[PDB]
Each structure stands twice: as C-alpha cells, then as structure tokens.
Amino acid sequence: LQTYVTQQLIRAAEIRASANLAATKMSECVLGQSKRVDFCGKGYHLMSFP
Amino acid sequence: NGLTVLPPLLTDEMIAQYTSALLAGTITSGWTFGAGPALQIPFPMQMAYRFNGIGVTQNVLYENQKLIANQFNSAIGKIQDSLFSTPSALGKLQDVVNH
Amino acid sequence: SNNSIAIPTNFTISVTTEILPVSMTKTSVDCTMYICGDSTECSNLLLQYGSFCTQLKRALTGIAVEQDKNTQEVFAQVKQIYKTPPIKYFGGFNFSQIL
Amino acid sequence: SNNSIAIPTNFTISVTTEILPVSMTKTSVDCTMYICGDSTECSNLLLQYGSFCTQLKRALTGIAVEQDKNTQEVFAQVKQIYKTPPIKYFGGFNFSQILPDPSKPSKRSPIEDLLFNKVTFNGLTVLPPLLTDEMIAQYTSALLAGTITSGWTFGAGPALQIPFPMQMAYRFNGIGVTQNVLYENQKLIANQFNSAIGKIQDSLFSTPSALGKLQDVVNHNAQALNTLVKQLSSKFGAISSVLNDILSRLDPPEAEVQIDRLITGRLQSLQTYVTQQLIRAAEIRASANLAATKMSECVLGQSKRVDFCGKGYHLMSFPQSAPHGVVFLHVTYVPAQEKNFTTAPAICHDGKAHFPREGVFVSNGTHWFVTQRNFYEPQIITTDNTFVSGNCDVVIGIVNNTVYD
Amino acid sequence: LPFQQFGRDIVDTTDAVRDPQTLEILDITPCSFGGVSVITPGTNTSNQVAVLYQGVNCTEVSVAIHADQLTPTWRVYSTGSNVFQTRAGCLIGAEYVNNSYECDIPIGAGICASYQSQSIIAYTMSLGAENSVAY
Ligand SMILES: *[C@@H]1O[C@H](CO)[C@@H](O[C@@H]2O[C@H](CO)[C@@H](O)[C@H](O)[C@H]2NC(C)=O)[C@H](O)[C@H]1NC(C)=O
Ligand SMILES: *[C@@H]1O[C@H](CO)[C@@H](O[C@@H]2O[C@H](CO)[C@@H](O)[C@H](O)[C@H]2NC(C)=O)[C@H](O)[C@H]1NC(C)=O
Ligand SMILES: *[C@@H]1O[C@H](CO)[C@@H](O[C@@H]2O[C@H](CO)[C@@H](O)[C@H](O)[C@H]2NC(C)=O)[C@H](O)[C@H]1NC(C)=O
Ligand SMILES: *[C@@H]1O[C@H](CO)[C@@H](O[C@@H]2O[C@H](CO)[C@@H](O)[C@H](O)[C@H]2NC(C)=O)[C@H](O)[C@H]1NC(C)=O
Ligand SMILES: *[C@@H]1O[C@H](CO)[C@@H](O)[C@H](O)[C@H]1NC(C)=O
Ligand SMILES: *[C@@H]1O[C@H](CO)[C@@H](O)[C@H](O)[C@H]1NC(C)=O
Ligand SMILES: *[C@@H]1O[C@H](CO)[C@@H](O)[C@H](O)[C@H]1NC(C)=O
Ligand SMILES: *[C@@H]1O[C@H](CO)[C@@H](O)[C@H](O)[C@H]1NC(C)=O
Ligand SMILES: *[C@@H]1O[C@H](CO)[C@@H](O)[C@H](O)[C@H]1NC(C)=O
Ligand SMILES: *[C@@H]1O[C@H](CO)[C@@H](O)[C@H](O)[C@H]1NC(C)=O
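Protein chains in written order, with the authors' numbering: chain A, 1002 to 1051; chain B, 854 to 952; chain C, 706 to 804; chain D, 706 to 825, 853 to 1137; chain E, 558 to 673, 687 to 705.
Derived by calculation from the structure, the hints in this document are not laboratory data. Hints should not be assumed to be uniformly reliable.
Stated by the list, open to error - Quick list of simulated restraints, FRET-style, between CB atoms:
hint, chain 1, residue 1, chain 2, residue 2, range
1, D, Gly1083, C, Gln777, 17 to 23 Å
2, A, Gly1042, D, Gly1129, 27 to 33 Å
3, C, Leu804, B, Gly855, 40 to 46 Å
4, C, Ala781, D, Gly969, 47 to 53 Å
5, C, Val770, B, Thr864, 16 to 22 Å
For every residue, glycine included, the Cβ atom is placed at its ideal position computed from N, Cα and C.
Build the full structure now, drawing on both the sequences and the hints.
Written out as structure tokens, the structure reads:
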C-alpha cells in the first residue's frame, strides 16, 4: 500500500501540472486572441473551440 | 477487497452544458463575453476584427468572404477522418485509464 | 541578399488539434479489510503500528478532492449558460460538427 | 442578428484580490536523538544500516536552503529602495491604505496589519527565515513607490518620472480607449477608484475564510510533525516503547531482537515524513514561480493576457505582503450600460467602398457615424477616418451614404 | 489527586513523579542540546573560524563551558566582543558592528557575517542603496 500511495501522489502531481495548462489555453485561446508564438497552434492564431 | 471507486462530482451532461455555453458565447459575442456583459456582433465583422489582429487590413476578408468560408468547412470536415486513421491520436487520455 | 525581399500573395486557413488530460480516477482504501481481512486476530497485531493508516486515507482523500477542483477550474469559466440561437446561418460557416 | 451590434456607454473600475503561497517552514531532524536518544547500544546497532541518515540530513538541508530562494525571487526584483514624496497628492487618487504608516512601530500598512491578524522535545526543531518581516515590508514599499512616480519605466532601466494622471492616460491608451476619455472624467474615475479600495477592507473583515490557501500551508506542517512525534509511542511488535526499560530488564545479548523492531519502525516513519516533505516542497516551488511571474508582468508592466492579472481589461496591480505568501490587488476595467444599434461593414460612395481606420460603422435610425469599439462616441464621417480600398460591387451588406470633406 | 503517582503530557511521556518518602511533586525537564554550525572563510583566504550554538541563551552556554559540555572543541571568548546573541542562537567568535553591507555568509534573522588587522564580523544585512525620485 505504501508503494501504491506514493505512486498515486506523484501521478496526481503530474496531472495537476497538466490541468493548470488547459485552464490557461481556455482563457488565452478560447476567450480571446493570443500573441504568444506556437501557443494556440502553428501559425497566426485566429480562434479556438473546446 | 476493500478498494472502492468514487464517481466524479460533475456528470458528463453538465460538462457538455459548459462546453455548449462556451461555444455559444464565442460565436455571437467574440471575446467580449470574457470581460463583462456579452455584446452581440455579426460573425463576419468579428472575423474582420481577428484579421485586423494579425496585421492584415479588414478589406482582405470582405473581398474574399465567400472563398474563406469554404476553406474553413473543408478543414472542419477532415478532422473527423483524422480522428479515425491515426491510432495514437487519443494516445494521452487512453493511458490515463490504462495506467 | 541585401536588396531583395519575398512577399506572399495568397493564404491558407487550417485547423489542427490538441489533446490534454485533466483529471484521473478517484479511489479509496480500507486498511483493515485489505490487510487483515475479517480476522479478529490479525487486527489486534496490526493495531500496534499506530497511525500508518490514517495517513494513507488522508493522502487518498486529498487526491480525490483535488481531482474535482481540476475540472471545476477548467470548465466553470463563465456564470451564465448562453443558449445558441435557433436559426443557424453565420455567413456561410457551418458549426454543425461542434454544436 | 446579422446586422445589429451592441456598444457600451459607461465603464466601471473594480478591484479584486488574489492569494498565493510562496514559502513554507524550515525544519531540521536529527536521527540519533529521535531514533535512539542517549543510549549507546542503539547507536552502535544503527551503525549497521549504512548511511540512512546522511541522505535524510542532506534532503532536509536542500529543502531548507531552497525555501530562501523562493523569497529572494519574488520580492528582490529591484536594486534600489525608492521612497515616496512628503506631498501625498496624486491627482485625487488616494493610496493611504496601501502605503506604509509611520505612526505604528512596525511600519506596516493598515491592510497589511489586517492581513497579519487574520492568519494563525526530540530533535525536531525549526530554523528561522533569513529575511525578517520588517524587510519584506521594505521591498514591498519600494515596489509600491516605484510604480506610483514612474509607471513601468523603473523595471527596464533608470526610473523616469511622470505625473499620475498622465500614467493612467497611458494605461487607458493601452487597452484601446483614447486618452481624452480619462481627462474629461478624471474626478469621477478617481472617486470610482477611491471607494473600491475601501470595499476591500470590509471584504476581509467579515469573511474569515478568505485566506484558506495560506492557512493550509501552516496546518499541513503541524499534522506532519504531530504524527511524527506520536510515532514514538508505538511498540512495533516489541515488548515496550522505552529503550531504558528494555535495557534495564533484559540481557544485552537478548535485547538486540527487541531493539531492532523499534529501529526499523522509526526509520520507516522518518522516510515517510521526508518523502511527503519533498513532494510538498515541489508544489510550493511550482507556486512560487507563478508568483514571481505575476510580480514581473502585472506589477512592472501592463499585461495583454486574458484573465491573468484579473478579470476584465487590465490597468495595474499592487503587491502586499502576508505570512508565507503574497497578496495582489488587480485593478481592471469593466464595461457597462450597453445600448443597441444597427451596423454595416462598408459605406458606398461614388462607386467606392469605404472602410474605417479604427472603429465600427453605427446607425441611430436615420444618421450614420463611426465610433470607437469600447466606448460610445460617434463622429461625423470624413475621408480623414476612412480608406477606400476597392470597388462597390463585391462587398456584402454595404450601405450607401455620403462622406464629407 | 491522592491516587495518581506518574504524569504525562500532550504525548505519552512521563514529565512528573512523586518521591516515595518525601511525598512531593517534582517536574522533569531534559538537559539542553541542539545543533552546531561552523562559520568560516575559505582556507585559501584565512584560517580562523566562528561557532554558532543553535537555540540557547548565552548564559547557559557560558555556565556549561565553565563546568561541563560535550564537543570540547572550545573557543576563547576574550571579552563581550566575542559572545553575541542572535535570534538563531549564541554566536561565539565574532564582533558585531554598526555599519551595513551586503550579505556574504547568511546566518539568521537578517544577520550576515563576513571577513574584513583582519577578523570575523557579524552585522545586519542591507537591502540596497536608498533612492527617491523627485515626483
Ligand atoms: C489562392 O488559393 C486558392 C486555392 O488554391 C485559389 O482558389 C482556386 O482558384 C482556381 C482558379 O481557377 C480554382 O480553379 C480553384 O477551384 C480555387 N480553389 C478553391 C478551393 O475554390 C485562389 O485562386 C488563389 N488566389 C489567387 C489570387 O489566385
Ligand atoms: C454543412 O456542410 C454539410 C456537408 O455537406 C451539410 O450537410 C449535408 O446536408 C445535405 C442537405 O442538408 C445532406 O444531403 C447531406 O447528407 C449532409 N451531409 C452530412 C455529412 O450530413 C450541411 O447542410 C452544411 N450546413 C448547412 C447549414 O447546410
Ligand atoms: C456612469 O456610471 C456612473 C456610476 O454610477 C454614474 O455616476 C453616477 O451618476 C449619477 C447621475 O448621473 C449621480 O447621481 C451619482 O452620484 C454618480 N455616482 C458617483 C459615484 O459619482 C454616471 O452618471 C454614469 N454616466 C453615464 C453617462 O451613464
Ligand atoms: C484617504 O483615505 C483615508 C482613509 O479614510 C482618509 O483618512 C480619513 O480622514 C478623515 C478626515 O481626517 C478621518 O475622519 C478618517 O477617520 C480617516 N480614515 C481613516 C481610516 O483613518 C484620507 O483623508 C484620504 N485622503 C485624503 C487626502 O483625504
Ligand atoms: C550587398 O551590397 C553591396 C553594395 O554595398 C553589393 O556590392 C553586393 O553585391 C550586395 N550583396 C549581394 C549578395 O548582392
Ligand atoms: C442576413 O442579412 C440579410 C441582409 O443582407 C438578410 O436578408 C438575412 O435574412 C439575414 N440572415 C438571417 C438568417 O436572417
Ligand atoms: C437590441 O435591440 C433589441 C430590440 O430592438 C433589444 O431587445 C435588445 O436588448 C438590444 N440589445 C441590447 C444589447 O440591449
Ligand atoms: C440620430 O442622431 C441625429 C443627430 O442629431 C438626431 O438628429 C436624430 O434625431 C437621431 N435619431 C433618433 C431616432 O434618435
Ligand atoms: C536568556 O537566558 C535566560 C536564563 O538565564 C532565559 O530564561 C531566557 O529565555 C533567555 N533569553 C531568551 C531570549 O531566550
Ligand atoms: C551602531 O551605533 C549606533 C549608535 O548608538 C546605534 O544607533 C546603532 O544601532 C548601532 N548599530 C547596530 C546596533 O547595528
């Protein structure tokens, strides 16, 4: 059980790191047009759709 | 044996409701609904704003409006097929279950 | 070359994709049932180890609670459930594949 | 509807807070006092397990040392300590709540005091942080007094000077609203600002659960220590939890069996505690990096990222210290009082399409105008604010009118 | 009460006792201890050191040094110029000064030490040069 729980903690940290990036791509690509290069796709960004 | 699995707080229908709300707010309002009240504006004017936002004057859209729309539709058509052929397209989410 | 430039005379509208995991599966574990089963003899011996089990429950509960904040943070971005207009003509664009 | 638009006619200024944890408590744990104590036999037995303690000491030392790189990276953004001039007049904007108060002994601001009042052996000690709470205050004061008398200039070279209303005019110009809108409303906006700050104070009086994020960072330490110091009263299958009793009742050749179980249990507890600390430290550093980014991009400059430095179009921000973290006061711009109109994307005239420079064509029922996109202000059409660019037999929705000269 | 002998604390450890004959209540507290740190410039530059005893007041250090204490690596306290009282603990072998400089060897709550004939000094760190733009 101790091994299992430590593994779950590490994977949870990884998933949180990945879920804090969707929350930003939902604000800078979906709620407005972006200027960061290669952030909302390859090219000059126009809009996005969840 | 003593192991239980819990259901998420939000069902799938609720997540679809949020998705539909977000989609319907970015069609009739552009980006205005993300900073206050939702202001309406016809869609080609919004796309003209979004061309103005990358250093291309408005007229380019108006003189090409019929063409550009076509190029959009074809693209949106192909995605579905691109989600069949490629096996690893959903490689990420799948692993989340498997792992 | 120091006196020559290139300028494009036509464009392209393209649609790409992107997949991102958001949350994973919630679980919860009962020590006594897993380790000792329903034996009354084993639990007395296990009780000599103090608090190796409240820690595990606390950790798993923390993970489970965080898994809901993740989805609440990604999707609950707006506080008004906008509804799509009935007639669907937006200048020549479908959105039928997403609506 | 495919020929109608809505354009706001009156704005709003709002202030919203945001809390971030920055650093956590420094600790140091000594094995032999915890596992063994003063008993020589226990240490002589513990020497057979190799180097299970040097690693623990090194890991905890690394965490403790890192905890001071987190504060040196959020607050130490400047090399000079700026001051504020004696004359506290800034065009009507009132900063009394955020600027330091010399009367009280610790030279904190009233909001900082309010924040500070809202937050609560065996080889387990705590090291003190390097920067005292009266130095974080000086960094915060310098940051606050450099952004009042300079703008964003002091973050990219020598601090240049400029009066406050001119700076706020710059910041309106930075989100697509012309300068004059401020100068004709300078008083109102100032009052519009002054009340918002006041509300903040009350919003922290009544609500006690505002500062949970920092509070957790405290609570998660105490438990982590309490459990540890409790794990010292568990037998782990031996006959007692006190080494002296075993050493005073059993022949030493028959006592290694009893001592081994205690040693293994205590080692296991220490390893668990260290691993949990490592994961929590990783999370805290992940938060501190975001705190540093928000300090660099919202305080030293104006941000174009949506929902980063607040909800709404961005104007500025102000840092305030707190226990084990930081608090930001984002000042944004919210439109209001929308009014409806009829629009069309061109103006045919003499067989030539006409498109505005910046602005959208608007009708009020009989007349036509071109107005800026975020604050209703109509204008008489004129070639000075349009460009021709093409013919009248291609565009759709074009409405024919006249353009004066 | 007339039927208790031992005692405990917020944990499970005896911290009181009743003498079997002179029936009096006695507290129990352990004898002092803590960490030790050595503050040195590099052996290339100099060869002197300073010592920090963590989490004690200087009087209990001086008394124990006069009578008994482990780590007999004793230093010499010439005058009050050696003993100094920080927030972290007693600092033996450094002279506190009045100026302000940059932090070179961090010690405790705002205190830093450096090598400036030459000896070891401990002072209060300085956050930078003062300035004031003329609004
Ligand atoms: C820009 O590219 C598009 C796509 O290649 C061109 O549109 C094509 O034009 C040819 C000309 O006869 C037609 O046969 C094709 O059917 C058009 N494609 C589509 C998808 O309709 C367009 O002509 C190019 N621009 C210019 C100025 O030539
Ligand atoms: C969007 O494009 C699709 C693709 O042609 C259109 O869907 C077709 O519609 C016709 C008549 O309505 C049907 O005969 C086809 O079977 C449809 N195709 C599919 C794949 O279902 C659709 O009509 C377009 N959008 C609108 C509003 O007309
Ligand atoms: C824009 O909104 C502000 C915010 O209320 C309005 O200010 C108030 O205006 C009324 C009458 O116009 C006064 O009685 C109030 O005292 C004003 N409030 C404050 C705080 O001064 C303003 O009038 C609005 N302007 C327009 C053009 O709609
Ligand atoms: C800026 O706001 C402060 C906060 O209210 C004002 O201080 C008030 O001053 C009046 C008049 O002396 C007192 O009756 C209040 O008790 C003060 N408030 C507090 C909280 O002490 C201050 O006057 C404002 N700035 C200016 C220039 O008027
Ligand atoms: C660069 O300019 C010089 C004139 O100063 C010219 O001689 C040279 O050919 C130019 N380079 C190329 C690649 O043409
Ligand atoms: C779009 O505008 C035109 C006017 O050019 C109008 O005839 C048409 O009905 C509008 N579309 C819809 C769906 O009403
Ligand atoms: C647009 O006009 C209609 C009626 O003409 C009205 O119901 C609606 O509220 C107007 N739009 C806005 C944003 O007020
Ligand atoms: C539109 O504005 C003009 C400008 O003075 C005014 O004369 C006219 O009455 C307005 N129309 C309506 C319907 O209010
Ligand atoms: C100084 O030593 C005395 C005992 O002589 C002790 O009671 C006191 O707590 C010490 N000072 C501090 C600040 O701990
Ligand atoms: C140095 O001496 C001055 C004069 O008494 C004093 O005010 C200052 O605090 C001293 N510096 C210290 C104690 O660091």
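Worksheet item: Measuring from beta carbon to beta carbon, are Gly1083 (chain D) and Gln777 (chain C) in 17 to 23 Å?
Response: violated, 57 Å
Worksheet entry | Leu804 (chain C) versus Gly855 (chain B) beta-carbon gap, inside 40 to 46 Å or not | holds, 45 Å
Worksheet item: How does the Cβ-Cβ distance of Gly1042 (chain A) and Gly1129 (chain D) compare with 27 to 33 Å: does it lie in that range?
Response: Holds: the Cβ-Cβ distance is about 30 Å, inside 27 to 33 Å.
Worksheet item: If you check the beta carbons of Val770 (chain C) and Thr864 (chain B), does the distance land in 16 to 22 Å?
Response: holds, 18 Å
Worksheet entry | Assessment of proposed distance window 47 to 53 Å (beta carbons of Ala781 (chain C), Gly969 (chain D)) | holds, 50 Å
Hint compliance for this structure: hint 1 alone is broken.
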